[PDB]
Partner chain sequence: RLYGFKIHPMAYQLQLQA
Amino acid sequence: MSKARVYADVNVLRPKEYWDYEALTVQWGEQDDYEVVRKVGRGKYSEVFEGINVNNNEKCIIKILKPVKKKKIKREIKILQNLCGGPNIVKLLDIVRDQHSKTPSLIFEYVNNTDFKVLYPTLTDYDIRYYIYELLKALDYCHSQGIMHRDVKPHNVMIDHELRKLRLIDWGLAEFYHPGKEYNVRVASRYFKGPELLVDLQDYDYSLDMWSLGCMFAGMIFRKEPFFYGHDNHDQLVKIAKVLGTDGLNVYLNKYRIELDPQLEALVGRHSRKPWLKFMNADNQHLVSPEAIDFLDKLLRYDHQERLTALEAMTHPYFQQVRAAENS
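In the form solved in complex with its partner chain, the chain whose sequence appeared above, alone:
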């Protein structure tokens, strides 16, 4: 019983090839153009190496896509080309195959980054406000472009703290939003799946990303990643219930005529909502603020319809300070 409440048409109006990505025809650049230097990461569907551009001598990231449907690559690629240039959007610099093994790679722009787990603590109330305001420009942009990043969580956002620069990455789960489409709920990453994916409400929208931002931000101010720690999809919803309280999970469910598999019903059970302040500990107190709370609270709603839009959130009292600093 959903449709997007912002940018619902971003693909309707656009030429079909804009979102008809299987129709894409990859225009391969020059492998020889790059050399690899060190492995740096290795995701479910990819392997990441830091490489280099022999021509211009610039550092770069080589993502070598592991075995997956060609159509699931033309997606990444298209989405990426569609976003390129977007504020805080990771930048695809060239895509390369390989004369022999026929093996596509995505060669991105390099970001020097510090794993959140070591970086975040380091941050100051301000620092956070800033990076989320930055992270926000990325989501609002891309949503505006008809796209859903569908897998927001620290590890997919690079921060060059030395340059207060930020990039949103892994558009391997991003997908085009089309009003009323029934999408797949096996997306995002456990911890950061929104209720809709956990109760099977398939015609979801950009809203999903808001909830991820929700968890991501919630955990940063409270210093408790993952905020909602499910051991399993069902558990996740549960762990979410014990915080937002079941009396809302229900109202939600009826609104969208959704039905909990019994059992999931069971496991969840009856739970009252836990108000945000019961997470303000001594160690985290400097980040928690009446605003951080309003803003978090307006991200974390069972109902994706009632979450803030990216745009909307970029105006929340939390960001006033930061938003000042750009104007100057």
Second form
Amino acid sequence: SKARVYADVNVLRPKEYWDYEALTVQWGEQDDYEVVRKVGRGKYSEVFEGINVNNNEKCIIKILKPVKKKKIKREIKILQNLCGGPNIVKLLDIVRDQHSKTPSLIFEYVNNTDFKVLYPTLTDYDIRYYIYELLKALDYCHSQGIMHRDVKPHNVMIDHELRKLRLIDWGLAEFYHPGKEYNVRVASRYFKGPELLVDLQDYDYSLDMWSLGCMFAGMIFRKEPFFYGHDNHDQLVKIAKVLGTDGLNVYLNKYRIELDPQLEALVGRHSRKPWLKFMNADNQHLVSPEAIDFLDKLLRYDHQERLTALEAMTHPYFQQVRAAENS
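Having seen the form solved in complex with its partner chain, could you give me the form solved without its partner chain?
What comes next is one chain alone, with no partners or other molecules.
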């Protein structure tokens, strides 16, 4: 398998662009930045609102939990390569403490609105607008030869007052190289594409489009997360109960993948459930024929069949968002 778009980006760019292990980190001054308050955390980092004591401006301080040198370099190089792109979080500095050598990444600040309280209040137009803004970030990083590999609501920061979106946390991102076999232990469970769940390792940018489709399904159907598996096997079962097993079998045969017998047993046999079966009183104002058409073109087993980010942006679902921007 190979990407249908942007496959040669790292083939044509200098090795320095993608050879992140060759990066020499130019460490800044830890004392330039002071923690104010903790705002978030995850398995790999803690995030703090901070202050730059020179200009007394706000920043975000991301203090990394212990990680291999190779992985830190990967995140840094990717952030540097993407810096300035649309809706990409901006890395401003990189520092570490003398005694323990714990690294922190310093980012621009933004007034984030918690997705768990925000999403229930989004209107139809808001969903179209924010998904379009997220697509801009994904088409950009894909065009720069990078797969994010951890798209989920927690990694999409929205300042709802300013209608400003940023795609964050590039710690799981990778450079795309045609034919490369990648680790499938990426993404949050609920956002893992079928390729990860069946051990198809030569995946590509299209992984991010499955994750995006899961977020979009969650928004329009008011179900978060949309596919709620308890472990990775159960995750595939949840997907198969919606998309049906006929399509799964076609996909597995095309890519010459055999499921672990155990997983095969758990998946069983299921008919496809039409997207309209998910409509109800709570979500009805968000569920339109354009929304369903768009969704159906993202949530496909076969990664090669999914819309690219650029194609997604031109779908008529977003026509009003494009018209507003084009003026």
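Rigid core here is just the name for the largest C-alpha set that superposes within 1.5 Å across the two forms. Residues that one form lacks are left out of the comparison. Residue numbers count along the first chain shown, from 1.
Compared between the two forms on the core, the listed residues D247, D98, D232, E182 keep their C-alpha shifts below 2 Å, save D98. After superposing on the rigid core, the C-alpha of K59 is displaced by 1.1 Å between the two forms. Comparison between the two forms places the CA of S212 0.1 angstrom away from its other position, after core fitting.
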